[PDB]
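**Q** Here are the chains, one letter per residue:
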Amino acid sequence: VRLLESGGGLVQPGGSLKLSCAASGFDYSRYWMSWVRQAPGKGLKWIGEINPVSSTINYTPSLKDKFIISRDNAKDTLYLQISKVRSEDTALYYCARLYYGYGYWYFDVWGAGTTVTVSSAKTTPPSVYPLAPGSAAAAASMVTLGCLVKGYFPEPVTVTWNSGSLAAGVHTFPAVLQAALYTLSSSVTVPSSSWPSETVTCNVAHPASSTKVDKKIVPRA
Amino acid sequence: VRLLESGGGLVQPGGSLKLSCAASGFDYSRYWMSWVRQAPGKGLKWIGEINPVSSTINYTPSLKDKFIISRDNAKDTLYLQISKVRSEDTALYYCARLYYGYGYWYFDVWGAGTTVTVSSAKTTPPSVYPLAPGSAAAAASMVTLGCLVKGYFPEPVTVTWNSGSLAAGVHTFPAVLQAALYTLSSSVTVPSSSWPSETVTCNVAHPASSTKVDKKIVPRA
Amino acid sequence: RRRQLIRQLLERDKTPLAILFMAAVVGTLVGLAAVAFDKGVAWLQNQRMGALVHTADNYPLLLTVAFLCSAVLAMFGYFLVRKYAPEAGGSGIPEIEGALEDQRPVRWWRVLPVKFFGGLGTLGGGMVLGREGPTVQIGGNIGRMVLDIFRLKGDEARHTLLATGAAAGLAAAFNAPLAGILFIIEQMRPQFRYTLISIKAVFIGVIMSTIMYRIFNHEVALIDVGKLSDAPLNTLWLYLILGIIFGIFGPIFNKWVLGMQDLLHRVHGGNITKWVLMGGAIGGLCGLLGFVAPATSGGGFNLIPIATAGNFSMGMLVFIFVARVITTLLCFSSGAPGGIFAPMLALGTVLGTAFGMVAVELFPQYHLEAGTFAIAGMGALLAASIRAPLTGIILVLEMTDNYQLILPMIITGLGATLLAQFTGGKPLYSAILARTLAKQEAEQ
Amino acid sequence: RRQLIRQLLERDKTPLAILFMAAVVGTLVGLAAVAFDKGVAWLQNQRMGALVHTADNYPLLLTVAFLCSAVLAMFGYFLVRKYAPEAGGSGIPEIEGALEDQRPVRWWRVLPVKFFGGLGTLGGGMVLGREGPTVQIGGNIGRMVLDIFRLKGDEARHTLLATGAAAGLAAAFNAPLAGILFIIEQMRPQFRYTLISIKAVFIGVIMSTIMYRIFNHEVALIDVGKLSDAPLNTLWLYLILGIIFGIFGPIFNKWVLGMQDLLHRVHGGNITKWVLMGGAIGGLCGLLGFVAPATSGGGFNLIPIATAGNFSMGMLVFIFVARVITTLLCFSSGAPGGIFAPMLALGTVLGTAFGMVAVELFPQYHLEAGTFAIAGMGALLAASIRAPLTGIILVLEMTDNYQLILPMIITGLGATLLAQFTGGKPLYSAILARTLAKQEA
Amino acid sequence: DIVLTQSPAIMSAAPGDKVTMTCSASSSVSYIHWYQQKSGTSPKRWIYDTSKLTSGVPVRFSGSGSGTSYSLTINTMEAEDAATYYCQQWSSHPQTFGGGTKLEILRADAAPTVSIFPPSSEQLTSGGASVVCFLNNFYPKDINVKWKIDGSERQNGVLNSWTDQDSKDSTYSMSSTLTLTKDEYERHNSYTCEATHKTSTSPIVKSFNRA
Amino acid sequence: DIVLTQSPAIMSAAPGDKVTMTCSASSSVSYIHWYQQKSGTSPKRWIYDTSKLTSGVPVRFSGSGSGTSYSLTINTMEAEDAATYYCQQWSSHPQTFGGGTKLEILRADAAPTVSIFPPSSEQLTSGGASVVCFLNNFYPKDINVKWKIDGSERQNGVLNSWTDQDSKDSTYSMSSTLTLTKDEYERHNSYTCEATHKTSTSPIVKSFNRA
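Residue numbers (the deposited numbering), protein chains in the order written: chain C, 2 to 222; chain E, 2 to 222; chain A, 17 to 460; chain B, 18 to 458; chain F, 1 to 211; chain D, 1 to 211.
Hints are not guaranteed to be accurate.
Calculated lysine-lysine pairs in the DSBU-like style (CA-CA distance at most 30 angstroms, straight line) [claimed, not checked]:
| id | chain 1 | residue 1 | chain 2 | residue 2 |
| --- | --- | --- | --- | --- |
| 1 | D | 38 | C | 46 |
| 2 | D | 52 | D | 18 |
| 3 | E | 76 | C | 76 |
| 4 | F | 182 | E | 213 |
| 5 | D | 148 | D | 102 |
| 6 | A | 243 | E | 76 |
| 7 | E | 19 | F | 182 |
| 8 | C | 43 | D | 206 |
| 9 | E | 76 | F | 182 |
| 10 | B | 243 | C | 76 |
| 11 | E | 217 | F | 182 |
| 12 | D | 146 | C | 46 |
Keep in mind that the hints were calculated from the coordinates and are not lab data.
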C-alpha cells in the first residue's frame, strides 16, 4: 500500500494552494483519510479527516474556511486546500490512512509528505564554491574536501559526490536562512592517496530554479 | 455505466494491435467482460470472454494464440490483442459487459466500438473544405450548407456541427472509397434567418491521425 | 426412561416421505400465491398513481381521488373480512399460532379468497400494513387445504403442513428463507408442550416458495443498502443502550396497539356498516398521505434505505416516527387485513437512525455512521414487541446483508427483549391470541 | 383452553437470576476457549520451532515431527484415560445426554482433563476440531456455576448447561448465531419439551463472542472474499451435490462408528496400549503436517486455498482420500477434539471437486467452483451430524457469501434427505445411543 | 455451435402493422435474446430470456417461442423501429448470433431537397475540384442522379452515397459528387445536377455558373 | 483539547539497554498509540491501544500504562531503534500527539577532525568571502566555536550548523562559516578556528595565513 502526496512548494503569504495525496494498493474507499502536518523541528499536528462517502469532514479547532478537505474515490486521491496562508502553515504535510483496534483510532499508514514553504522571498538559484584546502595544509591520514552552496531559495538542494558513487565520508549539513536566502556546505573526507591524484567533484541540484551544477575540487596551485 | 473502447485503426497484414476498453459507472469486478466484432455491412461474431479474476478465459474457434484477452481491474480496462491479422479481422470491435436473467447469459451493455482496418496503405489526415452556396442563391426560409471531408485513411470519422449543439437537420453520408482513400460530406440545414448572422462550423474529427479540423462556413467572397 | 431413549435416538429425524412430498407442494402454492399477491398490490398502487396523473392540475381534486381511491379499496377490503371471514382480519399470525395449539380452526375454503382479495385492497390503497400477515396466514391455509384435499392423517402431518405453509409464507414475503424457518421454531411452536413439527419438512416448503419468489422477482432486492461500515468493540455499549430504549418502548407500543383495538371497537360497535365506513376513512387517509408526505403512509420499505443513508434531517426523522406510530395503529389496530411485521421494521429503522445521529455528534472519536445504528434498530421493535429477536436479527441480516454488524444487531436485539420483559410486556402475537380466546369464553 | 390463556401471558418469562448467571457462564466459556485457542497455537509454534533447529538432516527432522506430536498425543490420551474417560472424543454426545439427564456432568474433572487434554491432541496437529473441547468445556462451565451458586430447578439446570455449550461453539467459530441454532436444532431433547430459556442462551453466546473478539479482532478464521452469484438455471447442480453428500453422509457415519470398534481391539481398553497407539496416530499427524500439510491439521488453512480453485483435480482427490483416513484415525480413536471442523474441511474439498467437473461440463453456466465449495462446506455436517440449519448458518457466518444462500440450502437439504433415506442417523445421537447401551451391558 | 438463421433478412412494413420476425436454430435452444442495432449505432439489448423486455423498451415489443423456433413481435410497429434486430442464444456454449432482420419502414411520399455546391477556394489551392449536390429527405429510396457540365452529360467518375433510413422521419438522403481537376473544372462554365424522383415527373434541377 | 508531553525530550543509551520514555496526559486517556519516525522519512505505526505491537515490530519493544500516565520500553536496544517516538491519543476528540522523544545512540567520546578552508577564488570574483570551518565526527553533540581574525576574537557573521547523529558511527558533525566582504577580509591576514570540546582542556586551533 502506497500513500503519495504532492502539491507542496513555495507560496506567498496570504495565498493558498491544493496538496494532493494519491493512493495505491488498497480499496481507497472503506477507509478514512487524514492530513497531519509537522512544523519544522516541531511536533505533529492533526489537520482533519474525511469518511468514504465524504458525508463527514472534521477539522481541528482552526478558524472557518482555512482548510477544505475533499476526496475523489474515482481517482483514488485526497485533497487539502489551505487558504489565506501565513508563515505558520509552513510545514511538512503527510496524508494518512485511518484505522482502529478496540475502536480507539490510530493513523495507520503515511505518505512521504510534501513541504509547503510560505514566504514572500523570491526563488533564487544557488552559488557553488569548491572548498580545497590551503597551501599550508600538512596532510594527515585522510583529507577533507567540500563545497559551499550559498545563496538559494527555497529548500531543498541535493549534493552528491561523484554522482553518488563516493557514498562514504560525507556530511551535508542542514541549511541556514539569512536575509531571505539559504546556505549549506557539504564535506567529503577521502584518503590522503585518493586526492588530488583522483578527481573529486560535487554535484548540486536545486531544481526549484532548474539548477544543475557540478563543481570540481582542484588544489590551490 | 459506460464502455469506451479504443486503440484501433491501421495495421499491416500479419501484424498485431492491442485494443483497450475503459469501463466506468459500475463495479468492474463481479462482471465477466466480452468482445464481439462486426465486420462492415455484416453480422455479429463473439471473440472471447473473461471472468473477473482472470481464472477462466474462453475464446471462439480460433488458433492457439489468434486472440489474447486480459484485464487490469485497477485501471478498469479490458484488453484485446490480435495476432497475425488477415482481412476477416477487419471489423468493428465491441467490448460488452456480460450478465444473465434466468441464468442463460447475455451481452448486457455494449461499447461504442473501435474500428480496425487491415490494409497496406498509410494513415492520412483528411482535408476539410467548407461548402457555402453559389453566391446568388435563392435563400428562402432554409439555407443548407455542408462540408467536404476527403483524402483520409482509414475509417472512420465523426462530424458534428457547432460542437454538436447543432443536431437536427444534419445528414452525414457514408464514406466512399476511391484509390485507397475515403471521402464523405455532411449537410446541415438551418434558417436563412440564422446565417451568416451566426457562426456555423463543422467539426471533423479523424481519430486515426488524432486530428480535428474545425471549419467555419464563410459566405463566398 | 433409558431403554426408551435408545429406541428414540435411533428413530430421530425420521419423517414419512408422504409428508415431505406434500410439504414441497405446499411451498410452491404458497410462493406463487404470495408472488401473485405482491403483483396485485403493485398493479393496484399503479392505477392509483395513474389516476393522480389524469388529474394533476386541480390541487384539491387530486387530493380527493387520492382519498376516494384508497377509501373504496379499503372499504372493499374490510367488507370481505366482515361479511365472509372475520378470523382473517388484522395480522393472521395469531390465528395460525392458535391453529397449532388446536385452539383455532383453519377455514381454508373461506380465508384464502377473503385474505387474498381483502389484502389486495388494504395494501393496494397504500395503507400502513405488511404483506406477511396475509402471506403467513394464507400460507397456513394453503398447507391445511392440501392436508384436507389429500386427506392426510395424524398430528404430525396436521401440524407440520400448517407450519411449513406459514414459513414459506414469511419467506416469500421477504425473500428471506432462513427468517421464515426461524420464525416457526422461535415463535409459532407451542411454547408449553412438545410438538411433532418436522423441521426438515418446513425447509422444503420454504425452499420451494423462495424459488417461486426468485423466478418472478430476480435481480431486484427488497432492501438495498450496500455494505455499511464496521463496528469497533468500544462502540458496542451504544447498541446496548439503543436496545434498552427499544426495551422500554416495546411493550408501551403493545399496549397502544391493544388499547387502540378496543378504542376503535367503540367507533363502529361491531357493526359491519360502521366498520367498513370507518375502514375506508383510514384507508382514504393513507392514500391521501401517500402524496402529501409519502413517508408517513405506505408499507415503509421505501424509506428504509433513505433513512439508513442518513438522507433525512433529525427534524424530519422525529416527524416520520410520530406520524408512523399513529398511521401504523390506525391501520392494524382497526383490524384491517395485513400484518404489523413490516411497519415494525420501518419503525425501528427510523428510531435506529435517530439514535445513530445523536451518537455521531456526541462521539466524533468513534467515527460512527448512523446507518449501523439504523440496521441494529431495524429488527429491534420486532424483538421487543413481537418478542421474536432471533427471527428479527436474521430477517434484517437476510435483507440488508451487513453481517459485519452481527454483534451490534444481537446486542440491540437482546437489549430490547430483556427490557421489554422486565417492564411487564408480552409477545404481541401471543397477547392477541389470548385476547381472542378469552373473548370466545365470554360470548360463550 | 383456560390454561393456555394463563400460559400465553406467562410466555418468555425467564427469572432474572438465571439470566445474570447466563451472562457469567458466557464470559467464562469465551475466556476459556480464547486461552485454549492461544494454547494450541503456542504449542504448534514450538513444534515449528523444533523443525527450524533441525532443518538440515532430512530423516532427523521427520523424527522430531513424529516424536513431538507423539509426546503431545500421549499426554492427551493419558489425561483422558486416567482422570476422565467421558471427555474423550467430541464431548457433544456427552452434553446432549446431560440434557436428557441420562448423563452426569463431572465438571471438577472434565474442565482440566479436556482443556489440557485438547491442547495436546490439537497442539500436535491432529485432524480434530476445537468445538468438541469448547462445547463440552462450555457445558461444564455452565454446570459449575449452577453448582457453585447452588441454583435450583430443571430450567436453571438445563438452561445454564445449554448456554455454556452454545457460547462454546460460538467462541470456537466466531459464529454467534451458529452456536444458538445448534442448541435449538440438535442439543434439545427432540422427544420431550424442555425448559431451555432461548433468551438466556443468547446472553451467553453474546458474552463469549465479545470475549473472542477482544482477543482475536481484525483477523477472520476463514477469509474467502465475495464469490460470484448463482443463476437459477444452476440450482439443480446443487441438488445433485446434496444427493452425493446424502449417499455419502451415513457411509461416513458407519466408518467413524466401525473405526471406533476396530481401534478398540488394537488396545483392548487397556490404558497403556491405548496411550501408545494414541501417540502413534498423533505422531503420524505431526509427521504429515510437513510432508503434505493438507492431509493433517484442523483443515482451516486449506479451505480458502480450495475455494479459490488453487488445487488441481488430482491434488483434490488425494486430499479428500487422505483426510477421510486421518479424520477417522484421530476422532474414532477417541482422542479429545470434535469432528465438526474436519467435516467442514471435508465438505469444502468435495465441493470444489464437484465444482471443477461442473465448470468444464457446462461452460454456458459461467461457473466458479468456489460457489460449489461453499455449498458443500456444511453439507457433510448436514448429512452426518444431521444439523443442516446449523451447518448452513455456520458457513454463512464464516464465509459471508449470503448471495449463495439458496444453493447452500438446496445442497444442505439434498444432503439431509438422502442421508435419511439411506438409513443414516445423527452421528452425535448415534454415539450417545452407543455409550448408553454400553452402560446397560 | 448452434446456427441461428433469421426469418426475413430484410422486411418492410408500415406503422400500425403487426410485425413478426423469426429466429430458427440448427439444434434446440432455450431463452434466446434479441438485440436492436439502429443505423450507425451500437446494439442495445432489447429482449432477453425469450420474452422479458429490457428496461425502457416500449411495450409494443414481445418475444416468444421454444425449441427451434423463436419470434420477436412488434404489435403495432412504429416508425422509430427502423433497426436491424439480432437474435442470440447461450443455452449451448459457445453463444451464437442470428444474421439480422433489417426492418424497413413504409411511409408516404417525400420529395427530395436539392442543394448545389461549387468547389471551395481551399480545394482549388489543392489542384482538385469537387462539385457537391445534396439531395436530402426523400421517399422512396430509389433516386436517379444526373450531371450536365455546360449542358453536356458527364459520367466520368461521379460518386454516389445514400444514408440509411432515418429513425424519426423514415426518409432517405443522398449525396452525389463530381470530381475533376483544377484546369478541367476551369475549362468549363455551367454545372447542373439533375434529380429524378417518384414525386415529380419533371426532374428537379440545381445549377451554378462561374459566370 | 488533551495535551500530551513526553518525558525525556532527548536521550541516549548504549545498544542492549533498557530504554524507557514516558507520555503523560493532561486529562484522563485510554489506549494510546506510538509512532517511530526516523530522520528524513514517514512516521510509522509502532504500538497501538496501549500495548499492541504492529505487524512487523521486533518483540524487544513494548509499552503499557493507564489513565494519565503511559510509557514505551525497549528491553535490549538496537542501532535500528534510534528515532523519535511519538505517542498519540484519540480517546478524546480532537486527537493529539506528544512532542516526541528523540532516542539517540550513546557512544564513547570522540574528538573532532577540524578543517579550515579559505574563501574560494570564485566567490572572491563576486565580492564575498566565506571562511568555512568543518568540525567532523565527535561525541557528544556539545562543542563551542570561536573565530580569531588577526589573532583577535570575532562574533559577528558566523553561522553554525550541526548535523543529526551519524548513521555509520553515531558521531555528530558541525560546520562553522564566517562571512565577510572581500574588502573586510582583505584587510586581515590570520584566520583561526577554535573548537572547545569535552575531550580536551586546550581547544583544537586550526588556522591559515593569507601570506
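**Q** For each hint, tell me whether it holds in the structure or not.
**A** For each hint, the structure was consulted:
A threshold of 30 angstroms between alpha carbons decides the hint, and for residue 38/D with residue 46/C the separation of about 17 angstroms falls inside it, so the pair holds. Straight-line distance between C-alpha atoms of residue 52/D and residue 18/D comes to about 19 angstroms, which keeps the hinted pair within the 30 angstroms bound. With a CA separation close to 10 angstroms, the supplied pair residue 76/E and residue 76/C stays within the 30 angstroms bound. Restraint check: the Cα-Cα separation between residue 182/F and residue 213/E comes to about 26 angstroms, which is no more than 30 angstroms; the hinted pair holds.
Distance restraint check for residue 148/D and residue 102/D: the Cα-Cα separation of roughly 35 angstroms exceeds the 30 angstroms cut-off, and the hinted pair is therefore not satisfied. At most 30 angstroms may separate the alpha-carbon atoms for a hinted pair to count; residue 243/A and residue 76/E meet this at roughly 23 angstroms. The suggested pairing of residue 19/E with residue 182/F is violated, with an alpha-carbon distance near 42 angstroms, which exceeds 30 angstroms. Restraint check: the Cα-Cα separation between residue 43/C and residue 206/D comes to about 35 angstroms, which exceeds 30 angstroms; the hinted pair is violated.
Note on residue 76/E and residue 182/F: the hinted pairing is violated, with a Cα-Cα distance of about 52 angstroms set against a maximum of 30 angstroms. Distance restraint check for residue 243/B and residue 76/C: the Cα-Cα separation of roughly 23 angstroms lies within the 30 angstroms cut-off, and the hinted pair is therefore satisfied. A distance of roughly 23 angstroms separates the Cα atoms of residue 217/E and residue 182/F; the hinted pair therefore holds under the 30 angstroms criterion. Taking the CA atoms of residue 146/D and residue 46/C, the gap is about 38 angstroms. The hint is violated against a cut of 30 angstroms.
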